[PDB]
Structures are given as structure tokens and as C-alpha cells.
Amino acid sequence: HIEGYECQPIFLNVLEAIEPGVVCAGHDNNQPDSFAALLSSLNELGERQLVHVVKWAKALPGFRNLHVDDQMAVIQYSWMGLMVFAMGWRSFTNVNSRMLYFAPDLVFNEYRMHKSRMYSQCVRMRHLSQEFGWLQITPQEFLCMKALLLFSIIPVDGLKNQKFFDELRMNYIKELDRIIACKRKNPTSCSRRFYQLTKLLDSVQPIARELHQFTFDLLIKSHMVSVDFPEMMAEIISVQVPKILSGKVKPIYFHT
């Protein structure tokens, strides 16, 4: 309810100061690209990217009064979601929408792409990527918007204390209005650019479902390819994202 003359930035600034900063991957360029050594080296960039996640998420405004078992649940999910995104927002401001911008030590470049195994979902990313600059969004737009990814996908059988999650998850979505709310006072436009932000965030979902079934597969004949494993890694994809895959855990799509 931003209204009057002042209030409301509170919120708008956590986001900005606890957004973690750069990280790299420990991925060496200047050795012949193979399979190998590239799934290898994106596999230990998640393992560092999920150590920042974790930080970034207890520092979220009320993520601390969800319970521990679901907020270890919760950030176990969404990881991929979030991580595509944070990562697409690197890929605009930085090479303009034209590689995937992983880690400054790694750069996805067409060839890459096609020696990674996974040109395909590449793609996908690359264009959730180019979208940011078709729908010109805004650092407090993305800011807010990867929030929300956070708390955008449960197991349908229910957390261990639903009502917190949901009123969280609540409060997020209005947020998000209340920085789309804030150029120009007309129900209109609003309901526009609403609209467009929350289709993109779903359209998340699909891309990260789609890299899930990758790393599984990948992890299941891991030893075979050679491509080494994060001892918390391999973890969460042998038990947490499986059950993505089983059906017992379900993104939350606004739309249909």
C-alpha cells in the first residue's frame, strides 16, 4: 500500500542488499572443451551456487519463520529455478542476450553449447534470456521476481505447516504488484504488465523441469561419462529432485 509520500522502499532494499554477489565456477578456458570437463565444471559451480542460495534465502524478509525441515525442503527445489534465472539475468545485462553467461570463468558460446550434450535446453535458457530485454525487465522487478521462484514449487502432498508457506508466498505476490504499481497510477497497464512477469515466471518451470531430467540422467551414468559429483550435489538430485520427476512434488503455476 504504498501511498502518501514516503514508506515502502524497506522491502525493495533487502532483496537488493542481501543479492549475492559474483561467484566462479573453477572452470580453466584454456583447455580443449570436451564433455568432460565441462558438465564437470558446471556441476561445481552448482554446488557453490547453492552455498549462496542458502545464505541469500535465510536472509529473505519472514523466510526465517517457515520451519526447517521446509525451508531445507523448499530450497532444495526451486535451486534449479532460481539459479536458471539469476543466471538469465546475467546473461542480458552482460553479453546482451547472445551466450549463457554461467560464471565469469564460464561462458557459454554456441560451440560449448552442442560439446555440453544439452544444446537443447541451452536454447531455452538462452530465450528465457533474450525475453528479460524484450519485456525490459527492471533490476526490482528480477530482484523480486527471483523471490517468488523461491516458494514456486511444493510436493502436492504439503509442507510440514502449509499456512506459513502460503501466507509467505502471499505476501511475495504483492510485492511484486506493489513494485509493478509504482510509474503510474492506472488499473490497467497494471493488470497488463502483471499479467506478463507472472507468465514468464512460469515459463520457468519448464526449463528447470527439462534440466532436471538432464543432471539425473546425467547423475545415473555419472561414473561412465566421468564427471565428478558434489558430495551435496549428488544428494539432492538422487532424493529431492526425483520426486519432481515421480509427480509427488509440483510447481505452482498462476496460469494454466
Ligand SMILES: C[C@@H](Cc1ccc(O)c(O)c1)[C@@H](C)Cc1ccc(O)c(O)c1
The other form holds:
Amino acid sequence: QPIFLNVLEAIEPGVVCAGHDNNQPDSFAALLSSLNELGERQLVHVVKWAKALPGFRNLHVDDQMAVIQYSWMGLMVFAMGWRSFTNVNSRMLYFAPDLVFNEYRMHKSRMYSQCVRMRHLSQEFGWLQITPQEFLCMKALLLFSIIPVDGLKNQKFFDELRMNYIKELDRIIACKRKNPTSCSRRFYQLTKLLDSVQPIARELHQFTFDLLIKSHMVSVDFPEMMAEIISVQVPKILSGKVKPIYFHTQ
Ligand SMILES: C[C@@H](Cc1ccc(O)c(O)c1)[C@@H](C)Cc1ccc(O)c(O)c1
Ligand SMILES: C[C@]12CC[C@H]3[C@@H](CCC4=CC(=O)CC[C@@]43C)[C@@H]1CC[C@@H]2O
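Return one more block: the form solved in complex with the ligand, after the form solved without the ligand shown previously.
Next comes the full complex, and the chain you just saw is listed first.
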């Protein structure tokens, strides 16, 4: 029995609802305030999920919050892609059971191009035939894929942790496979899939950072936690002080 898989499967967070009043007209201001409240909500879970991950509390405490604060975009975008694939075969974006974006919501949110990228992503789960086991280990690996260029408080611990999550993903690929040509191709495939989250996550950082700046102008509410992470932590990403870790050069 794989102990590592039992844990991921057990800690996976349940459905989270956005709180969106679906009887309102689909306006930019309402779509985004709801995506924003959706972020606050998802964030509470992400924190609880990350803390229960095997080895996570071995990281220094300031590094525990830094990694969560750097990587939430990618992790949530990925999860959402998976929810989109499993529920509606990647036809729409399944943000929350109460906030499914049709083509029209995509246009009204004014992120049609990001949503188009987010949708290609969700389709990849289908095209690549990702298993829930692979999905889960990839998502944990995503929590460890962005860090300051000066390094963390205890960079050593982090590197150990992340090396292990790499092995586990490699373990879940090998656990039922014939010859090592396909084990290779698959690991290549999934590593490229993970890389692909980063540019998408970078576009959303830019977007939401812009959005918060003119939040008052455009009538868009940001909950406190979202306000603080976007104004404190996102700018370090955008200014190049915090960078994603790619498996392959872009
Ligand atoms: C994810 C873990 C990998 C793992 C642990 C136990 C298992 O039975 C397994 O199959 C894989 C990883 C964290 C190993 C580890 C052990 C001890 C630690 O202190 C630490 O930071 C990390
Ligand atoms: C950041 C954001 C709210 C949080 C959104 C994000 C789009 C991606 C996303 C996917 C989810 O499933 C949870 C909400 C999040 C994480 C939105 C883009 C602009 C808006 O400000």
C-alpha cells in the first residue's frame, strides 16, 4: 500500500462554493468580485491542505507561509482545470458549482484570453489521460515550484522536500508500466504539463494586480486576504524577486 497516496487522497479539499448571485446580469464587476470571494474561500483550504502534506511542517515556519503565498494561483488554476475536465469535459470553466463560466462569462470577465489558456490546460488532462493519482502528486509538486531568487530561510529543507515530491511522482508513474520508454515519455509529458501552469499563473498575477490597483474605479471588491497577498506578495513575483521553478527552460 502506498502511504504517500493515502495521504494526498485523504487531505484533498472538498467542493468550495463561490457565493455568486447567479440571478444578477453577468457583469465584469460581479463576475470578478465573486472570483475574488472565491479566492479568499479557496485560500483557507489551501492553507489547511498544505499544512497536512507529508514533510511540510519540517520547513521553517516563515517558509511555510511564503510558499503558500507564492504558489496559490498555480495550485488553484490547476485544481480548477481538473474540476473542469471531470465535471463538464472541459467545455466551460468550472470555477465553483455556482460559478461556471460559459463563453459569454469569459468575455464579460474581460479575461477571454486567459480563460482560453486555462481551458487548453483543462483539456490537457483529457488529452494526456491524467489519473487522479498523477493529478494529486502534480498538485503537491506545484506547491513547491516557485521561490525567491535569494532562496528561502532554510533553502536546504525545501530542496529535500521537493526532490521527494519529484520521486513520488516518478513512483506513481512506474507503479504499473511495462518498458522504460513510456515511463520516460510520460515523465517528460507530465513535467511539461506542470511547466505550462506557470505562464498562465503569471498572466493572472498581472491581471489581478492591475485589477486591484483600479479596484475603486471599477467597483470590484477584494476580500482582505486577497488584497494583502496581491499587494504584498504578487508584486515580488511581477518584479522578478520570486520566480517559478521550471523543469525545462522556457
Ligand atoms: C513526502 C515524503 C516521501 C515519503 C515518505 C514516506 C513514505 O512511506 C513514502 O513512500 C514517501 C518525504 C517528505 C520524505 C520525508 C521524510 C522525513 C522528513 O523529515 C521530510 O521532510 C521528508
Ligand atoms: C485572482 C482572481 C480571483 C481568484 C481566481 C483567479 C482565476 C483563477 C482561479 C481559479 C479558482 O478556481 C479559484 C479562484 C482563482 C484563484 C482570478 C483572476 C482575477 C481575479 O482577481
